[PDB]
Every structure is written in C-alpha cells, then in structure tokens.
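Only one chain is shown below, in structure tokens, and it's the form solved without this ligand.
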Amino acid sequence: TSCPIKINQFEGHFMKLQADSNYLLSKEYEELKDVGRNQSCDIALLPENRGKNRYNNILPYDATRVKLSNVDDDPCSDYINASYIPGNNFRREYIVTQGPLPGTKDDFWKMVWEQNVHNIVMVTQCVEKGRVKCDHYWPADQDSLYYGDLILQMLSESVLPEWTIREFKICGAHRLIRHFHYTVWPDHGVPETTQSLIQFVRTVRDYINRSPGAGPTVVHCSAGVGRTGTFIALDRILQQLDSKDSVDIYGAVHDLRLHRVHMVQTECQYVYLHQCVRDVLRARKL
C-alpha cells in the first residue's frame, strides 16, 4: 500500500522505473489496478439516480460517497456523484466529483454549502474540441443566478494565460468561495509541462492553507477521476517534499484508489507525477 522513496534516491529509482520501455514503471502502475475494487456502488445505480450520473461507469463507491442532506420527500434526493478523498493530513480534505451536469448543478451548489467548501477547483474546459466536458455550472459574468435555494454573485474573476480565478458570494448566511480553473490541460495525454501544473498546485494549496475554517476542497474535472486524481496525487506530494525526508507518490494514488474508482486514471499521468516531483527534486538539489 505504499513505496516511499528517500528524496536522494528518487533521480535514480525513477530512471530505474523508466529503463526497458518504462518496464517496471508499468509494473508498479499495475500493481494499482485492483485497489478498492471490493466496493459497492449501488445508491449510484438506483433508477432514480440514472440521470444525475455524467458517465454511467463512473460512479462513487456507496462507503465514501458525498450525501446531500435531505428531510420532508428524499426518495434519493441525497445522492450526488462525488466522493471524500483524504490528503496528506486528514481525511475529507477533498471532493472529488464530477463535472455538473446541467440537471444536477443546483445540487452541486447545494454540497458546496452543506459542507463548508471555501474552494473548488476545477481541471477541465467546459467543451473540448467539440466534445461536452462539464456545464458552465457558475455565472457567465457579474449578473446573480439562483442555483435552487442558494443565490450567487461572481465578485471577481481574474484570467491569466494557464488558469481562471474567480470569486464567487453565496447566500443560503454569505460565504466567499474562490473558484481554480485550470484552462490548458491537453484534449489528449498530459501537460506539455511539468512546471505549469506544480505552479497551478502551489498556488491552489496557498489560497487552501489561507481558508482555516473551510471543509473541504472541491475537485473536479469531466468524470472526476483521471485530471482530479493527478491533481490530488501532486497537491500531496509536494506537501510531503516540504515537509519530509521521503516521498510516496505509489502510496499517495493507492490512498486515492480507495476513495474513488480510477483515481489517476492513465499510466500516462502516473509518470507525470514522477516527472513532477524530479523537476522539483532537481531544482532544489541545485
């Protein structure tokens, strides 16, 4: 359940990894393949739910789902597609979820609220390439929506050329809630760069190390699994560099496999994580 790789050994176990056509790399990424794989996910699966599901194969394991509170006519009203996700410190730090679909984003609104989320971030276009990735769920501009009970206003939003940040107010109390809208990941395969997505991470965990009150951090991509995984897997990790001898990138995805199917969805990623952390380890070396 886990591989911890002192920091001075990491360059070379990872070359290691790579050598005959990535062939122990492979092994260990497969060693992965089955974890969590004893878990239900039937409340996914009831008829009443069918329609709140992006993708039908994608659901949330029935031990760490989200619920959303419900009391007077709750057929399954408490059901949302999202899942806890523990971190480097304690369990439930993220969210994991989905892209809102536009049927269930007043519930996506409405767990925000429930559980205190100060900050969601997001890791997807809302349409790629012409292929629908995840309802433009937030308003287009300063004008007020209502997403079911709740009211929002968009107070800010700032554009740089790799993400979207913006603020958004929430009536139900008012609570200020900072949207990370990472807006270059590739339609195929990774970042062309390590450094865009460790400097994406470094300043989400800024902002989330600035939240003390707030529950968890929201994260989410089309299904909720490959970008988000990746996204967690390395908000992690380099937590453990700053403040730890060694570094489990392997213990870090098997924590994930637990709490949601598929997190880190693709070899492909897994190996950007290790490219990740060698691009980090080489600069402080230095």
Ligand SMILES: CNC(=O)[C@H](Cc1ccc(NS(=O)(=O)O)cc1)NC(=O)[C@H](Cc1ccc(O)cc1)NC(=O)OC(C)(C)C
Contents of the next structure:
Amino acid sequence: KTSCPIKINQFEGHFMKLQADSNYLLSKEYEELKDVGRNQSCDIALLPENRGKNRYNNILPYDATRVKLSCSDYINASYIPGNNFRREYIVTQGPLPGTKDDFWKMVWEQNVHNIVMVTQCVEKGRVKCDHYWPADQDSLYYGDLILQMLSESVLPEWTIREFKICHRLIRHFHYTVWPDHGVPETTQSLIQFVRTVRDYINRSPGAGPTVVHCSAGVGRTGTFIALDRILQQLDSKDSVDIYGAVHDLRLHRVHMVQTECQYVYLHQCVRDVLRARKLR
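Same protein, different form: I have the form solved without this ligand, so give me the form solved in complex with this ligand.
Chain alone follows, minus partners and molecules.
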C-alpha cells in the first residue's frame, strides 16, 4: 500500500519472484502506484493564462507543492520534501523558449546552486527542452538576470558546467544518455552519476533545493531522484524500500517513475549493488 520494505539479504529472491510469469507481481505492484498523489488539485496549472507555460497539457504541478515566482507567479515546477526537511528538490519540466527566464528567476529566488538535467534538448526529431543556458562563454541576459558560463567539462556520460549568475555560482550536471520513457544503458552508469551528484551536493553547504529536470520532469527526473533516495537507504539500513521511495515522489508530482521499465530498472540497480557487497 504505501511502502514495501525488503530485507537486503532477501532482496535477490524477492526481485526474482516479482519478475516471474512475465513481471506479473512487479506490474501489479507498479499499478498500485497509479492514483497516488492524485487526490490533490492542479487548479492553478489549469488556468487558461498558464497554458503556454506547460510543456505538456497532462503534466501539471499540484497547487499544494508548486514553486511560485515572487497568474504571473506560475512555473511548472514542484517541491519535493526530503526525509529531514522540506524542499530537498525542485523538480521541473524542460524550460520552453518563453519560460527560460522564469527558470533562472526560480533558480535565483530559490537559492539553487545545483541543477541536474537528465534529458537531451532534441530526441527522436522532437524538441524536448530548450537549450536554456549560454552556448559559449559570453555573458547573456535572461530577462533581468545575467548568466555566464565559466567552464564546461565534457565527461564520457555527463557534462558538468559552471555558471555565474547575478552574484552566485551554479553547477549543472547534464546526463547525456537516457532515452525518453526508457532507462540508461547500464545500472552502473546511473548509480555512478547519482553518487557523483550526491557528493557535490553534500559539499555544497547551504544551497537551496537541488533542481532536477528532464522533458516533462516526471519519468527520468523521478527515476533519478528515486535512485538517489534508494542508494542512501542502502548505506543506512538493512532493508530497502523501492516502492515507498516511488510512492513518496508521487505524493508530490504526477507520474514520477513514469514507465514500468524504469521501475524494473530501480530494482536492477538495487540487485546489482547488493550482489557486489555480498562477498565484500
């Protein structure tokens, strides 16, 4: 119902059983998540005036968790509380040509110093996200705010950028190989990116919330943040609760972990971590 904790030394077998007879118990568990969070109004997101500010007409923040700019206060963005304090994350859609300034406004207002991006701008012949940051090193106005790229570090599977805004520094983690509605090519890769970001966060004293976005801000964003929470559980507890992590996310935004295969992927991530530790 709201959580499904599994003792780590039973996890291997529990995942086998979930996958038996064509993911029968796994699909059934995943489906139980369907309506979670949905008891809540999206009424502001639905105003006529805000329609142009939403990338997808089915992907709308809840009134109770939406980020407000300080209906001119509207951005398609939701706060996600953490286990210890509110607003661990701000989750958002890929900015649009007419919302890229609202995005940076939000970044500024909310004291964001870390952005994770788990989408590409163009995917399968469709625009998924505006290239909302500077394409080079010359400073650039986004409405009221000036952005300037100080460095761009291309790594095999993600690129790290640092920007000055005004005056503050922002780190931007762009994970470059995650197909929409699907999963990264290996568990290792996303486990390593997630651990990498978490390390930067944990050294970033007194940031705002961490921004995570993909295209709609639900599937890849949801899987990223679920994996974050689950990897931290594995370093803290002798039980792991994938279902409860995804459930927590849904309570705050529609569709987090947006397809079943992304759900299976989280279990395969756990399975792989626990296999390695087994004989260590």
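In this text, the rigid core denotes the largest set of C-alpha atoms whose superposition between the two forms falls within 1.5 Å. Residue numbers count along the first chain shown, from 1.
Just one of the listed positions, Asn116, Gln142, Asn89, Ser158, moves its Cα by at least 2 Å between the two forms when the rigid core is held fixed, and it is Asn89. Superposition of the core reveals a Cα shift of 2 Å or more for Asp187 between the two forms.
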